[PDB]
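A single chain comes next, written as structure tokens; it is the form solved without glutathione (GSH).
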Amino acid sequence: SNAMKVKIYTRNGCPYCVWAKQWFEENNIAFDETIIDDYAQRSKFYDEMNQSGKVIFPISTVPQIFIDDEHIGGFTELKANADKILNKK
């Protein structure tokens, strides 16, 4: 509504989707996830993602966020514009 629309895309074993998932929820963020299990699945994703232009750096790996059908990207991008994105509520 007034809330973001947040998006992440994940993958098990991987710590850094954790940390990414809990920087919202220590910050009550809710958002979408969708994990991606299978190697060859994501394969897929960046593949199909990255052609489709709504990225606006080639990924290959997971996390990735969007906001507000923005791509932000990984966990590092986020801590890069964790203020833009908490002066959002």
Second form
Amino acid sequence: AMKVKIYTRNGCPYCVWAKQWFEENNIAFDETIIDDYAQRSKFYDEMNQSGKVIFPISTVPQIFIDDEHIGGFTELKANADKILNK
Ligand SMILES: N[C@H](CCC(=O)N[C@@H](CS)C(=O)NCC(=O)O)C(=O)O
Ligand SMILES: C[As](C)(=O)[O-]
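Beyond the form solved without glutathione (GSH), can we have the form solved in complex with glutathione (GSH)?
Up next: the whole complex, starting with the chain shown before.
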């Protein structure tokens, strides 16, 4: 098992597409839901200064796999083949 963390909000379809991808491939994940604008911007600013992201984030979903920042849904799909090797 690889360790997957996804940061999301409700009413974000790209967050659902990301989760659905993991689910359709039987990959478990831990979801953190941050619905309010205040909580999300604090999370963005925190991550953007944490050293852990590979670009400055300002949307959800944000996906991390084994502690490596992958990105949003576009990035997930771009790496679909490699992630399914893990
Ligand atoms: N240029 C991308 C388009 C992104 C997209 O297709 N939707 C976003 C949801 S706001 C996403 O998570 N897709 C992949 C990504 O942005 O990295 C962006 O910054 O939003
Ligand atoms: C602009 As948003 C909170 O759907 O990533």
